[PDB]
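Enquirer: Chain by chain, the residues:
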Amino acid sequence: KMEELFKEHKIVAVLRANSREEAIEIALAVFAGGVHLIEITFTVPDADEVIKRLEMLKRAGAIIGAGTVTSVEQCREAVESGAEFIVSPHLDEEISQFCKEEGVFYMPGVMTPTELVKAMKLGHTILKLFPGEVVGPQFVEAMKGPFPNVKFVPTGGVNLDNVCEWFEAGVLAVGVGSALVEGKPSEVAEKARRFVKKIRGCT
Amino acid sequence: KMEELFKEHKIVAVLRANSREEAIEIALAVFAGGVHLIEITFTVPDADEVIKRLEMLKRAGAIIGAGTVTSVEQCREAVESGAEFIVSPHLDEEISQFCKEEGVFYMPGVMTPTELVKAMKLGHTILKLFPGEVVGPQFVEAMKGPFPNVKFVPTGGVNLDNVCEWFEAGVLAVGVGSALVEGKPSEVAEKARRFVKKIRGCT
Amino acid sequence: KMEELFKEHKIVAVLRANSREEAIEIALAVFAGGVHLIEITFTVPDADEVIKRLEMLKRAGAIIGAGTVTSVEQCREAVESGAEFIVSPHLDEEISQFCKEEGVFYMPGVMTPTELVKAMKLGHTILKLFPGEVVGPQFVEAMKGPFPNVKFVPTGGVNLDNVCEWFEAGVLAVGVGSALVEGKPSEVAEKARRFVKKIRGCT
Amino acid sequence: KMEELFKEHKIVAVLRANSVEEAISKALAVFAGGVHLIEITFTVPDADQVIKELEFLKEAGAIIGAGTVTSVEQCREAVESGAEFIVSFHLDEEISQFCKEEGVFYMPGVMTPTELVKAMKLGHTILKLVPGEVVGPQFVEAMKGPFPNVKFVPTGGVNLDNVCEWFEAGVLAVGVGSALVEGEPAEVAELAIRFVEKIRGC
Amino acid sequence: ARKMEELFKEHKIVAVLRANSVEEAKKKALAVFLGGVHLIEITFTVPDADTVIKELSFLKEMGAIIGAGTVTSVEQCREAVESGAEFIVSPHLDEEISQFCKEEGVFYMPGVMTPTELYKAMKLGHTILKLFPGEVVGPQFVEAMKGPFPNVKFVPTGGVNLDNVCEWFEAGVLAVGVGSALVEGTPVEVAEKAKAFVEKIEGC
Amino acid sequence: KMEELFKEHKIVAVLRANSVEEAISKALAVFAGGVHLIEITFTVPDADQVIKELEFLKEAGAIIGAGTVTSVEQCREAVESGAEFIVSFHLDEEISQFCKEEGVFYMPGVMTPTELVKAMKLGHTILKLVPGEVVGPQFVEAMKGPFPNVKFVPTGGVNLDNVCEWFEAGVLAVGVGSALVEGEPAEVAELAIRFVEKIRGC
Amino acid sequence: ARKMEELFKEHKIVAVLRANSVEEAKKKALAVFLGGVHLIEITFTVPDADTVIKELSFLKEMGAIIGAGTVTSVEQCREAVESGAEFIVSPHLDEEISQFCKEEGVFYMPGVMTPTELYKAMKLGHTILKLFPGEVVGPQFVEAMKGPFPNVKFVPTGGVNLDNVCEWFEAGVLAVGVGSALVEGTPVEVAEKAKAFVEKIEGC
Amino acid sequence: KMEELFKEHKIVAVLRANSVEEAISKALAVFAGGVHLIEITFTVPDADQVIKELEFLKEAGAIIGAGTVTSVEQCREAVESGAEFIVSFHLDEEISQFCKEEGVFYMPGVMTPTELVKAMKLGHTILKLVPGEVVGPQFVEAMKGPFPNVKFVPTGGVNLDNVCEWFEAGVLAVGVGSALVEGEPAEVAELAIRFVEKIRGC
Amino acid sequence: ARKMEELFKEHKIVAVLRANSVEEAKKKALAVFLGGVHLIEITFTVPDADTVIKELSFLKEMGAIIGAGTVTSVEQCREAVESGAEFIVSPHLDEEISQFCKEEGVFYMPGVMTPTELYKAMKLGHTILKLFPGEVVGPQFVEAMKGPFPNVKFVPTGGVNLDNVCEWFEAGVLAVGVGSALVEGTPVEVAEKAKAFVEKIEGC
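For the protein sequence lines, the chains are A, B, C, D, E, F, G, H and I, in the order given. -11 is the number of the first residue of the first sequence in the working numbering; add one for each residue after it. -11 is the number of the first residue of the second sequence in the working numbering; add one for each residue after it. -11 is the number of the first residue of the third sequence in the working numbering; add one for each residue after it. 79 is the number of the first residue of the fourth sequence in the working numbering; add one for each residue after it. 12 is the number of the first residue of the fifth sequence in the working numbering; add one for each residue after it. 79 is the number of the first residue of the sixth sequence in the working numbering; add one for each residue after it. 12 is the number of the first residue of the seventh sequence in the working numbering; add one for each residue after it. 79 is the number of the first residue of the eighth sequence in the working numbering; add one for each residue after it. 12 is the number of the first residue of the ninth sequence in the working numbering; add one for each residue after it.
There could be a bad hint or two in this list.
Below, a list of computed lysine-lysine pairs in the DSS-like style, where the Cα atoms sit at most 25 Å apart [as the list claims (entries may be wrong)]:
#, chain 1, residue 1, chain 2, residue 2
1, I, 113, H, 199
2, B, 106, A, 106
3, G, 113, G, 14
4, B, 109, C, 106
5, D, 178, E, 131
6, G, 157, E, 37
7, F, 130, A, 46
Honestly, the hints are just simulated from the structure, not real lab data.
Assemble the whole structure, with the sequences as input and the hints as a guide.
Expert: Right, here's the structure in full:
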C-alpha cells in the first residue's frame, strides 16, 4: 500500500539519467543512502530495461516505480516491466482508468483549483504538485481549508534549506529530482543521508 | 443587484466556523463591524441551520450567501436555505446552469487564462481569484489589458497592510477569510473597523 | 519560417496603442530600434488598417503579425489583412485549426502543465507564457526535464535588468509590452536599442 | 570621414518642417526607410532645437548635419548644436576656416566651372551642384574631363524616374529632399524605401 | 527709390527698347505706352539713347516711367542719370555702379545668373534682381532660389512671350522684361502686341 | 568493538580492482546489498586511495579495513589511510604490537594447531583460517573441542551452496570475497543480497 | 597675337586632343592635321604634355598651329609656353595666367559661362572667349550676349557634333571646339571624322 | 616403556566427561571392553580428580595418562596426579624437558613436515597426528618415505569403517576417542569390543 | 645459481630416486636419463648416496643434472656439495642449511606446506619452493597462493602420476617431482615410464 509507504519514508528519489548504466549506479547510491522510494523518469533510454532489473532491490525493501508518464503506451510498458506505481506530470484519464483496472497506484499531476477538484472526483486523494517551486507552501495551506481530505507530494525546488518548511505546512512526502541525483555516486549517497537526517529531525 | 452591492461595500466576510453556534455569533460581530456582505462556507456543521436562521439581518441591509460550494446538491440546499448568492472554489458547469435557472448570483473560481476565458464565455463578468496569495495583484494587472471587461474578487492573502495594493491594482472587492474572522467576537468586531477605515481611505 | 526568425531576433514588440496613428508612429520607432518582430494587439481601433498599411515594411525585413486574438473571427480578419502570425492569450481549438489550414504560424497561450501537454499533442512546439511575471523563469527551468523539446516565449515581467535571466533559463525570445512601447517615438526607439544591446551581450 | 559615408549610402534626405515634432516624425520615418544621411535645414523657424532632439538617432548610426547654412553665425550655431557637417549654397572663406578648425566637414555649392576652380583651391573635393534641374547630369559628365578628381552631390532635378541617370553621369550621392520627404510618416518611410532599393542596382 | 518695387508690382511688364534712330525709339516708346506698358527701358546700344531718354521726358506727365538699360560703366550711368533716367539696369552685378547709383539716389537693378551672384547682391542691399539670360535657366531657377532667398524678387528678361508669359509668374515673379516679342514691327503692331501682353498678364 | 560486529553481520566482503573507480562502484553495490564489513586488499595497485575515497560509507555504518597486509610498513600506511582493522595471512609479532599501540584491531592468518596455539598467546581470539579450500569446515569444528574459546573467520571455499555448513561447524563470520564480488555493480548487489538472505536462517 | 583671331576665323574648327600617352597623342595630332584641321589643342591631362607639344613642332612648317588646353595654373602655362605652345586655353577666367601670358606675348583664351565674368573678361582685354560646357549652355546664350556685349567673339566647346555644327555657326560663333566626336577611334577613323566636320562646316 | 604398549594394544581411548563419576563409569566400560590405554582430557572441569580415582585400574594392567595438555603448569599437575604419560597438540621445549627429567613419556602433536623435523631433533619417535580427518591416512604413508623411522598415533577421522585403512598406511596405534566413547556404559563397552575385534585382523 | 629456474622450466620434471644400493641407484638414474629426464635428485635414504652422486658425474657431460635430496642437516649437505651435487633439496624449511648453501654458491630449495612457511622463506630470498606432500593440499594450494605470493613459483612433489601430471601444470607450476610413479620396477620399465611422463607433460 503506497499510502503507508509514503508516510514511512516521506521522500522520493525522482531519478533521472541519460543511460541505463547511470540509472543503476544512481539507484544504488540513493538506496544505500536510506531512500527506499525510487521512481525512474520514463525518459531514460531503455528505462524499462532498468526497472525490470531492480527486482533485487524490491527484496531489500525498495519500492520501484516510474515517473514522467504522459501516455498510456508508456504506462503499459512501465507496468509490464514491474513498476509498482505510475506518476504523471499532468492529469490524464486514460492512464488512470488503465491503472485502476490493473490495480497499480497512480498519482496525477496538478497545479490549479480546477485540476484538484477534477482529480478528487476521480477518487485520487494524493496529488503531485508540480512545479512546486512556483506556487510554494502557501498553495497547500490554501487548499487545506476547502479540501482537508487532499494530500500533496510537491516536487521540484526542494532542498535541505526549505524541506522542513514543506513538512511544516503539511505534506505527505517531498520529491527531490536535483540535490538527490546530480553528482557522482559517492556524492549522491552523502546528499541522501543529509536529506534523511534533516527530515527525521524536523519530523 | 450583487454588482452594485459589491461596488458599495468592497469587502466580503468569507466566514468560517467549527460549529452552528460560532457561525451565528461571529456573523453578528462582523455585521456590527460595518461588513454587510457575508458568506458562510458551506462546511460549517449545520451550515443550513445557520443560514436560514439569519433571515432577520436582511432587513438590516445584510446580504447573506454561501461559499465553498463544490457540488450542485450543496448549492440546492444553500439556495433553499435563503442564500442570496453562491460562490465556488472552482469553475463548474452544473452549478452555473442551476443558478441561472433559479436567478441566483453565481461566482466561479478561476486561476488561469483558460479558466478565465471559459467563464467569460458563460456570461460571468465577475470572477473569484483563488488562491490570491499565490499569484498576487500582478495577475489582475496582466488581465486588465486583454480582458478589460472582467472584474476580480481575490480571496486570501488579504490583510490590513496590503489591502490598498489590491485596490490600486484594480479589484471590485476583497475576500478576508482569516485576518477578519479568527479570534473571538469581542476582537473580531474591532478588526472589522480597521478594515473598513483602511479601504475607505484608499478608496 | 517563424521558428528561425524568433531564434534570430530574440525579441517581440508586442505593440499596443489607442489609435491607428499611434500604432504607426510606434511601429516605426521600434523597427528603427532594431526590432524586426512586431505584432499588433488586435484591440487597436481599426487595427486591421494598421496591419495592411505597415505591410510596406515587409520589404525592409520587418515581420508583422497580430496578437491578443481570442476568437476565430478576429483571426480571420487579421489573416486577411496580411498578418504573418497569430498569437493568443489562451489555448483555443478553433483558431489553431483555421491557422493550420491557412498555413499561418500560431502560438497559443499557456500557464500550467496540463495546457503544455494539450498544446504539445496538437503539434505546437512553441508556447507563449502569460502572465510571465507571475511564474517567472523558474517555470521554464522546470519545464525542461519532462519537456526537453518545448520552447517558450514569455510575455510580461521583462525589463532591461532581468532580460538575461530569462535567456539563462532558456527561452526563444522575450515579449516586451511596456518598456518597448510606452513613451514618445524618440524615447521608444532609444529603449529599443538598449534592449537589443543587452540581449546581444548576454546572447 | 564623410566621403566614405557618401559612397556607402549614396543618398541624402533634406528635412523641412513647421515644427520640431514634425521634423522628428519625418526624420524617424526616413531613417527607418534606410536613409542614414540627414540634413536639417537651418533657416527654418526655431532651427536650433531639431538637431538636439534628433541626437538619439546618432546612436542608431544616423549622421546629422545642417542644411542651407548661408552665414558664419548660422554655421557657428549649427556646430554648437551638434551638427556633424555643414552644407551651403555658395563658397565662403570664413565658413571654410571655422569648420576646418573645428574638424567639421563642409561642402560649398557650385554652378559654374569658375566656382569649381576655387573651392578646389581651398581643399574641397565634394561639391553640391545646384540647381540640379538647371544644369542637369550633363554638367556632371562634361566637367569630368578637365576635373576627374571632383565628386558631386547634386540637389534638385532628381527623382526616382531619373535617379539612375544621375549615377550614370557619375556622382557620389544624390540629394533628393522633398522627393521622399513628404506626406505622412508612413508615406515618408515608403518613399525612402523605394529610393534606397532603386539606387541599389546601378 | 524703394517706390520702384511697388511700381513694378503694379505693371508687371517692362518694354526693352532698341532702335537705329531717335525717331524709331520715340515711336516705339509711345506705342508701348499707349498699349498699357508704362515701364520703358531705353538701352545704350543705340548712339542717341541719351537724346531719346531726354526727349521722352514729356511722357512722364502722362504717367510714363522712363529709365535706361544696358549700362556697363559708371560714366555711362552718370550720363543716364543726367538724362533723367529714373532707374538703371545692368546685364551684370556691379559694385561700382551700385555705389554710384546709391549716392545719387537712383534705383539700380543688377543682372545675375548664378546663386553665388544672388548672394553677393544681398550685401549691396538689393531686393530685386534681373535674371539674364532668362531663356537659359527658365522659371525653375526662380522657384529654386525661394529657399535660400525667400525675400528676393526677380525680374527675368528674355525667354518671355505670349505663350509662356503667364506661367512665368507662377514662379513668384515681380515683373517680366520683354524684348522683340513686344517691341518690333510698326508702331501699330507694337501697340497691338503690347495690348496682348497686358491683357493676358492682367488675369492670371 | 569488531568482535561484536563480526557476530552481528556474519559476512565479510573482500574487494579487489584494477582501478579506484571500479573499487568504489563495487564497494557501493556490496554495501547496498546489506554487507557492512568491507576489506580492501592493500597489495593492489595504488591501494592508498580507495580507503580514503570510501570514507563516505563509514557514516552509513560501514566498517572498512585493509586486507592481505604482510608488512609493518603496509600496516602503518593502512592505519594512516584510516583503516579500522588490519587482516593478514600469517602471524607476525611486530604487526601484533604496532596495531595494538594504535588501537587498531588485527587478526593473523592460521592453518595449523601450532600457529593457533601461538596467536592465542599474543592475545588473539579471532583467527583467519586459510586456505578454506584446503582445510574445510572439519578443521573449524574439530579445533573447537580443545580450543572452545577460539573463533574463526575462514576465507575461501565459501559459496551459497555451503555457506550454512561453515556456520554449522561454528564460525563468527565467513570471508566470501570474489564469491559475490564479481561482474557489474547490479550483479554484485544481487549476489550480496543472496548471501545475506541465505545466512539469515541458520 | 591678334593673328589668332584670323586663324580661328579662317579654320573654323578646333580639335581638342586628350590621351593617356605621348605616343597616342602624336598619332591623333597627325590624323587630325591630315584630316584638314590646322588648329590643335593639346590638353594638360596627358602625361608629358610638354613632350607632346614640342614633338609636334614639325607640323608647324606644314601650316599647323599647336596650342595647350586645360591649363589651370601659371606653372602649367609656363611649361606649355616653354614647349613652344602658340596659345593657352583655360576652362575658367584666370588673372594670374592672363598676366603671365601678356608678359610672354602668348595668346590666351579664358573660359566663361556667365554675363558677370564675361564683363570682367572684356575689362581684362580678352575679346575671344571659350564657352564651356556647351552641353549645358546652348546657342541661345550666344544669341543674347550680343546685345550688351556686341564685340565679343565666342568659341563654344563641347556638345558639338556633326548634326548641330551648322547651328552653332549660324549663331555667329567664331569657332567650334570639338572633342570625342572628332578625336576618337583609330588614326584612320580620326582623320575621316575630321574630314566630315570640315566638309559640312564649309558647306554651312 | 610405552613404545611397547602402543605396539601391543594398538588403540587409545580418549575420555571426556562433565563429572568425575561419569568419567569413571565410562573408563571402566572402556577398560572392560579390552582397551588398556586410557587418555584423560585434562581441560575438563575439576580434572585433577579422575586420574587419582582411576588408580585402582593400574593394578588391572591399565595405563592412564593425561591428554590435551597445552601448558607447563597443566603438565606438572598431570604428572603429580599420577599420569604415566603426557599428550599435547604442539611441540613445547619446556614440556619436553620437565617430562624428560621426571621420566615421563611425552609426545607432541604435529601436522606438517617442518614440525616433524624438529620433534625428531629433540628425540621424539612417536608423534600425534592432528587433525586426522583433515590430512587422512595418505599423510602417514607419504611421510614414511623420507622419514621411515617415525611412527604415528593419529586422532580424528578414525572409526570402525576405516580403522584398518589407518593401519595399512602404517601407524603404531589409533586414537579413537568419541568413536567408541559415547552413550551408556553398556554401549561404550560394546563399541570398545567391536574396535578390539576389528583391529585384531589387519 | 639462478640458472636453475630456467633449467626447471625447460625440463618440467624431476626424478626423485631411492634405492637400497649403489647398483640400483645407478641403473635407475640412467634409466630415467635415457627416457629424457635430465633433472635427477639423489636422496640420502640410500646408504651410499654420496658414492652415487660422485659415480654418476660422468653423465654431466651428457646434459645430466645431478643434485641431492632429503637433506636434514648442514653436515649432510656439506658432503652432498663435496660429492658434486649442483642443488640441495629439503622436505622442510631450514635456515641453517640455507645459509650454508648460500655461502657455498649452491642452489637450495626448501620444503613448505603452509602460508606462514611460504612467507618465512621469502626472508631468505627464495623464489622457488618445494610443495610437500603435494597430495595433501593439491593444485588448489598453488593457485590460492598466487594472490599473496605473486612472485613465487612451486615444484610439487608427490601425488604426481600419469593421470594428473599434465593437469598439475594448469595451476601455474614450474616443474613436478615424481617418485615411485616414475622410479620403480626394472631398468626397462623405468625408462619407458620416463618417456611416458615427458610425452604427456608436453601438452599442458
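Enquirer: Check whether the Cα positions of residue 178 of chain D and residue 131 of chain E lie no farther apart than 25 Å.
Expert: holds (23 Å)
Enquirer: For the pair supplied as a hint, residue 106 of chain B and residue 106 of chain A, is the alpha-carbon distance within the 25 Å limit?
Expert: Within the cut-off at roughly 16 Å; holds.
Enquirer: For a C-alpha distance cap of 25 Å, please report whether residue 157 of chain G and residue 37 of chain E respect it.
Expert: holds (23 Å)
Enquirer: Does residue 130 of chain F pair with residue 46 of chain A here, judged by a C-alpha cut-off of 25 Å?
Expert: At roughly 31 Å apart (the allowed maximum being 25 Å), residue 46 of chain A and residue 130 of chain F break the hint.
Enquirer: Holds or violated: are the alpha carbons of residue 109 of chain B and residue 106 of chain C at most 25 Å from each other?
Expert: Holds - the C-alpha atoms of residue 106 of chain C and residue 109 of chain B are around 20 Å apart, at most 25 Å.
Enquirer: Straight-line Cα separation of residue 113 of chain G and residue 14 of chain G no greater than 25 Å?
Expert: holds (15 Å)
Enquirer: Is the hinted pair residue 113 of chain I and residue 199 of chain H satisfied, with a Cα-Cα distance of at most 25 Å?
Expert: holds (23 Å)
This entry does not satisfy hint 7, going by the numbered hints stated previously; all others are met.
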